[PDB]
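**Student:** Listed below, chain by chain, are the residues.
2 protein chains.
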Amino acid sequence: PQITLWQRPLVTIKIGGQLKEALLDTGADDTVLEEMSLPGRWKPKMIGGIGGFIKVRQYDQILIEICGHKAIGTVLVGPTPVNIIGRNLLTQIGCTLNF
Amino acid sequence: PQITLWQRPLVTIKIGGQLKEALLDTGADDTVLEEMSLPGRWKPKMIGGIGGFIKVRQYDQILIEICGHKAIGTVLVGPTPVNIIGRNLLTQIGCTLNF
Ligand SMILES: *[C]C(*)(*)(*)(*)([C]*)C(*)(*)(*)(C(*)(*)(*)(=O(*)*)N(*)(*)(*)C(*)(*)(*)(*)([C](*)[C@]1(*)=C(*)(*)(*)C(*)=[C@](*)(*)C(*)(*)(*)(*)(*)(*)=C1(*)(*)*)C(*)(*)(O*)C(*)(*)(*)C(*)(*)(*)([C](*)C1(*)(*)(*)=C(*)(*)(*)(*)(*)(*)C(*)=C(*)[C@@](*)(*)=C1*)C1(*)(*)(*)=N(*)(*)(*)C(*)=C(*)(*)(C(*)(*)(*)(=O(*)*)C(*)(*)(*)(*)([C])[C]*)[N@]1(*)*)N(*)(*)(*)(*)C(*)(*)(O[C]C1=[C][C]=[C][C]=[C]1)=O*
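Protein chains in written order, with the UniProt record's numbering: chain A, 501 to 599; chain B, 501 to 599.
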């Protein structure tokens, strides 16, 4: 799909048996989702953005269905205001930026 | 151009007689540039990112060359880690995400 940007690029994701809308974020190296029940081990990892650093739950080889497109990756879980789909998943769904 | 996301979407911009590399960002509503040598009146404005909140100075009516494509708008200057190009300027240069 061709998504224009007059509105925040929000898409629907299905993760861990649940539904959440997420922002397609070309400015995020990583995918970070707001706190949710997700299964198995993880690792502490801190990530940085505007405003500062937050501590996150590092999850890998997690299946996410992005706008009904499946993929598997590192998903970080934590104190983020918006669910963010970062470039580590954007290239999986073959998403490009165009102008 | 058409940018695939396997690496950060950095692009060259020219603002206020100077040259910088900035990141095209679909998750940024606004454009926030590092502390720079930019002139006019500006108003305090504050923003939220994943780590929290910075105070920035807002300049409106600013001209920017993003890939030889000049656009005009609001530019927020302050303590950002990288130069960010938000959706307020991205829509102006015809930017769309595709997948
Ligand atoms: C993975 C994520 C933590 C990412 C990040 O925060 N990215 C920012 C832009 C950025 C900031 C600092 C450095 C580099 C890029 C942005 O994409 C995130 C959004 C998240 C968001 C979206 C919607 C609502 C609320 C939050 C964002 N932050 C601020 C906005 C705004 O719209 C403001 C203008 C109101 N939107 N970090 C990352 O790597 C960090 C890094 C690593 C190595 C060197 C330098 C930086 O990609």
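If you are wondering where the hints come from, they were derived from the structure by calculation, not from laboratory data. Quick reminder that beta carbons are idealized off the backbone N, C-alpha and C, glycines included. Do not take every clue at face value.
As the list claims (entries may be wrong) - To give an idea of the interface, some chain A residues facing chain B are shown, with a C-beta separation under 10 Å as derived from the structure:
id: 1; residue: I503
id: 2; residue: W506
id: 3; residue: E521
id: 4; residue: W542
id: 5; residue: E565
id: 6; residue: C567
id: 7; residue: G573
id: 8; residue: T574
id: 9; residue: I584
id: 10; residue: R587
id: 11; residue: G594
id: 12; residue: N598
As the list claims (entries may be wrong) - Across the chosen pairs, the derived CB separations fall in these ranges:
id: 13; chain 1: B; residue 1: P581; chain 2: A; residue 2: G516; range: 29 to 35 Å
id: 14; chain 1: A; residue 1: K545; chain 2: B; residue 2: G517; range: 39 to 45 Å
id: 15; chain 1: A; residue 1: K520; chain 2: B; residue 2: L538; range: 36 to 42 Å
id: 16; chain 1: A; residue 1: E534; chain 2: B; residue 2: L538; range: 50 to 56 Å
id: 17; chain 1: A; residue 1: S537; chain 2: B; residue 2: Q507; range: 31 to 37 Å
id: 18; chain 1: B; residue 1: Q507; chain 2: A; residue 2: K520; range: 26 to 32 Å
**Student:** Now tell me if each hint is right for this structure.
**Tutor:** Cross-check of the supplied hints:
1. Interface hint at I503/A: satisfied, since its Cβ lies 5 Å from the closest Cβ of chain B, which is below the 10 Å cut-off.
2. At a threshold of 10 Å, the smallest CB-CB gap from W506/A to chain B is about 5 Å, leaving the interface hint in force.
3. The criterion of a C-beta within 10 Å of any C-beta in chain B is not met by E521/A, whose closest approach is roughly 13 Å, and the hint is violated.
4. Interface hint at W542/A: violated, since its Cβ lies 18 Å from the closest Cβ of chain B, which is beyond the 10 Å cut-off.
5. For the restraint placing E565/A at the interface with chain B, the shortest Cβ-Cβ distance is roughly 14 Å, beyond the 10 Å limit, so the hint is violated.
6. Because the closest C-beta pair between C567/A and chain B is about 8 Å apart, less than 10 Å, the hint holds.
7. For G573/A, the suggested interface contact is broken, since its CB lies about 13 Å from the closest CB of chain B, more than 10 Å.
8. The closest approach between the C-beta of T574/A and any C-beta of chain B is roughly 15 Å, which is over the 10 Å cut-off, so the hint fails.
9. Hint status for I584/A relative to chain B: holds, with the closest Cβ pair at about 6 Å, below 10 Å.
10. A cut of 10 Å between beta carbons decides the hint on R587/A: the least distance to chain B is about 4 Å, and the hint holds.
11. Given hint, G594/A at the interface with chain B, holds; its Cβ is 5 Å from that chain's nearest Cβ, closer than 10 Å.
12. Annotation: interface hint on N598/A holds; nearest CB of chain B at approximately 5 Å, less than 10 Å.
13. Under the hint 29 to 35 Å, the C-beta atoms of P581/B and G516/A, about 30 Å apart, fit the expected range.
14. Under the hint 39 to 45 Å, the C-beta atoms of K545/A and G517/B, about 40 Å apart, fit the expected range.
15. For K520/A and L538/B, the hinted distance range of 36 to 42 Å is satisfied, since their beta carbons lie about 38 Å from each other.
16. Look at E534/A against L538/B: about 34 Å separates their beta carbons, and that is not inside 50 to 56 Å.
17. The supplied range of 31 to 37 Å is met by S537/A and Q507/B, whose beta-carbon atoms lie about 33 Å from each other.
18. For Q507/B and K520/A, the Cβ-Cβ distance of about 27 Å falls inside the hinted range of 26 to 32 Å, so the restraint holds.
In summary, the structure is inconsistent with hints 3, 4, 5, 7, 8 and 16 from the numbered list given earlier, while agreeing with the others.
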